[PDB]
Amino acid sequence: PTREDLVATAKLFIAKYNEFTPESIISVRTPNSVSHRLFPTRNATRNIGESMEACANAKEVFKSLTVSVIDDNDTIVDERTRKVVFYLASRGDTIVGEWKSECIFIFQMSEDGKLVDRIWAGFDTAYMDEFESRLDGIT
């Protein structure tokens, strides 16, 4: 698959992910696909079923979510390994208010470049801890 094919599938993943339902967020993944969280403090690996469950729980907190590529010129594409790297802004409306952060997403596409076979997500882990403290303060 071409560089443009690979970025296209990654942008489709992002679009479905912004719909943020258990079905939409696996919409563009292979059946054996795995989702990794980077960094020791939030280490995690989720197959298709755990990703759906995770999204269902998150929906209790996140009313709507928009992740967007901050600059398409910053996107990294490796045609040999079928990987795309996005640096994304994340904006959310939540039960404790505004969510505003940035994250790095890495996608490895399937052999035909049409599905996402593997994801690595790198979040601002200090911001996540600060958000969890906000959740701990509902009255």
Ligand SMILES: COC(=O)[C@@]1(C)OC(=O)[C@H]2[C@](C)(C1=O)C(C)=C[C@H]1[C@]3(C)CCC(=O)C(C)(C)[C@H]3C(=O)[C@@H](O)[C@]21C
Second form
There are 2 protein chains.
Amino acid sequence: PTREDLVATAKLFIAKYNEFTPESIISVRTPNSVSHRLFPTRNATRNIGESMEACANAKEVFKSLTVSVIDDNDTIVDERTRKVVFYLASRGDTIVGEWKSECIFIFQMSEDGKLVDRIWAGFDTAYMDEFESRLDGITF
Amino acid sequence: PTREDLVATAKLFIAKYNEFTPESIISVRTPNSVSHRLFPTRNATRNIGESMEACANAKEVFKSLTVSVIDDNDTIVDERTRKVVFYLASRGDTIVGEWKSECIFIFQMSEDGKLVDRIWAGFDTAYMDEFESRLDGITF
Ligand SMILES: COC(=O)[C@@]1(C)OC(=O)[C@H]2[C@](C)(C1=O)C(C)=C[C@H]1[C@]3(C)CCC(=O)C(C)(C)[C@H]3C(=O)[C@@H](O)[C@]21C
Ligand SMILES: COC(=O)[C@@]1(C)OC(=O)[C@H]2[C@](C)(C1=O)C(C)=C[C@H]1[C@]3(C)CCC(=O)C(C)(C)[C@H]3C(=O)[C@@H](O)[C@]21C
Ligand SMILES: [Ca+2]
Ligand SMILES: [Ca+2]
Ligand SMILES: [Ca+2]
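Output block for the form solved in complex with the ligand, input the form deposited without the ligand:
Below is the entire complex, every chain and molecule, led by the chain shown above.
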């Protein structure tokens, strides 16, 4: 799997991620793939089944989601470990207004390089708390 | 620079980092290097002078601080862009209590591979906020 192969699969994962349905967000993952969150405070680990369910729940708050690579020149590819790293802007339309943040995504690809076998996600965990405070303030 | 060369320079940066003096935290950096903090809530860019001043400021609060690569299997190396990614455990003692967190460090090396030429650091921003809250509450 070439450097170009690995980037393509990760960029496909991002595309289906932005479609943001439970089926689309697993469409580029292997059956035993797991998603990890970085950092202790929002730590979490999701298999395919758990990821689908987190998506359906997140859809009750996020009306629309776009993550995009900020700069293709900052992308990191490790051909030996089949890993790709993106630094991403995150943009959301939610029931309490605008979501705007950045995150880092690390993908390890399957041996053939066509699917995502493992994900690590580093989010701005202070911003998450701030967003949850916005959610907690919904007032009829 | 080989894969092994890039990792060695990054491990050396960590060794000197753990000495935690202004002289040591610059001793594996090119003089025009800049250190970026990731994530909007804590975004910052520091040249060498600013890094030395920040280390001296940190030493006013931190009695001790050590970082360590948790597992060499997590490490990511891009020979073409000369980049190394570490996932680290950070541990220290401070005037407002214990420090315990994890962070992701990204290094881009110089052309010869022997020095760090740019750094990106992703911290657990909610944990930093909580730590700053302890600092912002000093009262005698
Ligand atoms: C990285 O992929 C994931 O973490 C997946 C597998 O699990 C998730 O929970 C994802 C999830 C379900 C995952 O795929 C997806 C699709 C999106 C994650 C979002 C909503 C993406 C935008 C974000 O920055 C935040 C931090 C708001 C994310 C989450 O809250 C994640 O928690 C969420 C819902
Ligand atoms: C790569 O090294 C760095 O990131 C340097 C150059 O810049 C920094 O910002 C570093 C800094 C100046 C950098 O060298 C150093 C020495 C330490 C960073 C600490 C104090 C390390 C422990 C941490 O987890 C926290 C989040 C408390 C760090 C910071 O606050 C960093 O912000 C700090 C002060
Ligand atoms: Ca000071
Ligand atoms: Ca002291
Ligand atoms: Ca403050």
